[PDB]
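The chain below stands alone, shown as structure tokens; this is the form deposited in one PDB entry.
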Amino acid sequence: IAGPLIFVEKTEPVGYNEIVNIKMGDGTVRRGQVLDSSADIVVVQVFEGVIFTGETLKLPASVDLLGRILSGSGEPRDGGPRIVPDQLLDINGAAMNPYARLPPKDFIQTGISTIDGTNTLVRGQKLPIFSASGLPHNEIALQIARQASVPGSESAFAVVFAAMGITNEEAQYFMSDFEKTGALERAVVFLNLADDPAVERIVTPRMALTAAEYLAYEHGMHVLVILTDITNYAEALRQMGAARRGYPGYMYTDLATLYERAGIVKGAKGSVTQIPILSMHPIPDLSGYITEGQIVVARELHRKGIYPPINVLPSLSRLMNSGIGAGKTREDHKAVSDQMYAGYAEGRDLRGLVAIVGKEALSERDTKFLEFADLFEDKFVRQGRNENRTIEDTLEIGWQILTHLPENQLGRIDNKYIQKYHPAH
């Protein structure tokens, strides 16, 4: 009803509104009120002495997590045996602070040009996929899961895919796609089904993040966290206890408990990077999750039959400068990125000019820019479902379609880079 909202391990019968004490991993006890509970997990609303004192819900932490498929509670879903831990970690983020005071940094290679090329994802970043209902955002996100890597990083890489409020059909789809490609081998998957207890859905993200932190910090790994639907999560939030539409007031604080949990870790040798998926009667503000930019799925592109239907003009990466350039990608990266962006906007603008003046009333120059916005979409943006591009290959594509423009018309690439890189030099 008012939050903050922590997750306790239903160990003995609780009642609604019960005042309970929660004993943190720290050794300190926080007072709170029972909000709601499933059958194994209790949801408490904290405040800040012979009453119930409960244990904080914990993740069976282990390297053995990799290659396993679990439910929202982190209970085995693959037929495998239960998870033998060596670390029971407080799921609420409140036991370890793995996060260092360091800006997010190096390159993560998604294999997707409209990401790696112009909206580069950086290690320790939060970069959501802004989509809507009916677009292949899940297809994107699991392509990203099959393909992401950290070129030349001596820290190993892992992915934590978490899917919430999903159907049995699409459950079966992820499980098969993760196993038969091999992407599962380096991944811990948490699948919450639209069916499973509302509550279990809500811990799903805190389970996923907690895990990510374990691999990042205590095993020196780069972990990419992918969360299929933050709107599905919000919905679950608006159906807790007392709740006549709209969303709780503590939603905003709550989401912040999710998006505070990312970055480079103490010791610099690992990191947590987030790619939340934001889809779209109810009108959820998930604004706070968008502080480093966002990647944008455009129905327009979807309609022309373009996959992935990513629109770079609205897309953004605020930390892209920290992950590109010499010894990270290549020096011409900013240049190519800037020039394509500039050139695609121009050609996109000119599609309007066309339908004002008529096609034949366009200047030679303009027709080249109009033809480029085309080449950009068909050759750059379009990319197979299982087509993993090196940034090298992505930057080359950029250059190949930039050739279509007048060389005197590349005000974003210093002669330094045209001389060295341009396919006619």
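Numbering follows the first chain given and starts at 1. If you superpose the two forms and keep the largest set of C-alpha atoms that fall within 1.5 Å, you have the rigid core. Compared with the form deposited in another entry:
- For the listed set 382, 30, 368, 68, the sole C-alpha moving 2 Å or more between the two forms on a rigid core superposition is that of 30.
- After superposition on the rigid core, displacement of the C-alpha of residue 250 between the two forms amounts to 2 Å or more.
- Core-superposed comparison between the two forms: the C-alpha position of residue 11 differs by no less than 2 Å.
- Comparing the forms between the two forms, the C-alpha position of residue 21 differs by 2 angstroms or more, with the core used for superposition.
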The other form holds:
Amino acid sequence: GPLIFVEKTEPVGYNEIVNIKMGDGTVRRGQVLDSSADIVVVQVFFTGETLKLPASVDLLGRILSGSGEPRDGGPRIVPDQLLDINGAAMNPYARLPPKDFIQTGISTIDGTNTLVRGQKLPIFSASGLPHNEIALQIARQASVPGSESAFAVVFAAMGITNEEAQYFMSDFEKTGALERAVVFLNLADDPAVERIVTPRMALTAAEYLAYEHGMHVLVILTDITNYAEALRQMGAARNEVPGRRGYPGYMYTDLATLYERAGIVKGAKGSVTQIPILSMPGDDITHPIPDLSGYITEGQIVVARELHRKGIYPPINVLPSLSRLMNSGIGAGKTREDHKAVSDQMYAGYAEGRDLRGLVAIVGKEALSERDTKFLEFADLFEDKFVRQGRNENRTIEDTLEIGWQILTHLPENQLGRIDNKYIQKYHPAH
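Form deposited in one PDB entry done; form deposited in another entry now:
Here we give the lone chain, stripped of any partners or molecules.
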């Protein structure tokens, strides 16, 4: 059945039968699938012990490898608890829906596609686009305004270059973001099995901090596509083809062992939220991977080459973007009462303005009506002032709504069909 991860203490052969002492004290029998120098991947039905996260609140402030070993020149973590990493430890999750606001500081998320505590909200991108910049910005900026619970970030990078690792380390250290974060960095040339354990070490640390320490924890995982590229060559998957005889059953459910691990935790003081990065694979023909669409259930944030080529950062197109749980994190007592109306109106005006870019190409700028011209112009204002923000610019939701209201003044007040008159009088810059 399940895949588990084991401390290596001697060479093992493929399909070798082993006995494993679990974190809970019980014993399983299983078969070896693959190994690195220090880790064995075992499929459960030599005696070893499971690979463990050294769990402590002092994980915060540390930069570690995919297997949890120091990368920051500091001493190894002193454990409060030693936890199995596959998801079986703690049974932390409540049967409660995600809710309440996480302020990322980025208007195209907070404003129009709000991230909620306990949600999984992927960044959907492609090669050459600045998804890692967005991920690092959220790591530096995120908070839970008004919460009685402490906030932490777990940032996990998979298959990255030495240059990228050095950059991420420097960024966490210089900004002071490191103080509230645990960072796991897996390099391209680190063992494939270490890459596979990376998101499990990260999620286990997040669950520990959320459940045992009552924290709201935000987990940023980049790039799930790179995780999958290592998966698809590990163990029983090696040179097997998806949808064909010989392809192992566990390959169909592996991604779900990652995306199941999010939500409000028992007690409802804490939560685990995921922002996985999914880069569109450009090599489906030569490197088939597990379907990534399972990770996309609660919405997505879409990174658009059009906006990148216009020189806009962050190049997020709000129109194909969605948060499914947005309504659970906004409004009076969370953000502000006018949030939903303003988001609705900006979305509608921007979609109209973008269609009108097509109409301009069809009939010519001077053939466009006065009213249409205002919506055309609104789409430019939306991109130039609302979408566009600095790499270092952390906007409160109040800042975001204020920019929204300012650009909305470009539209005729009588064209604001999605904003009730109560909000126009209370919030419109002209009133």
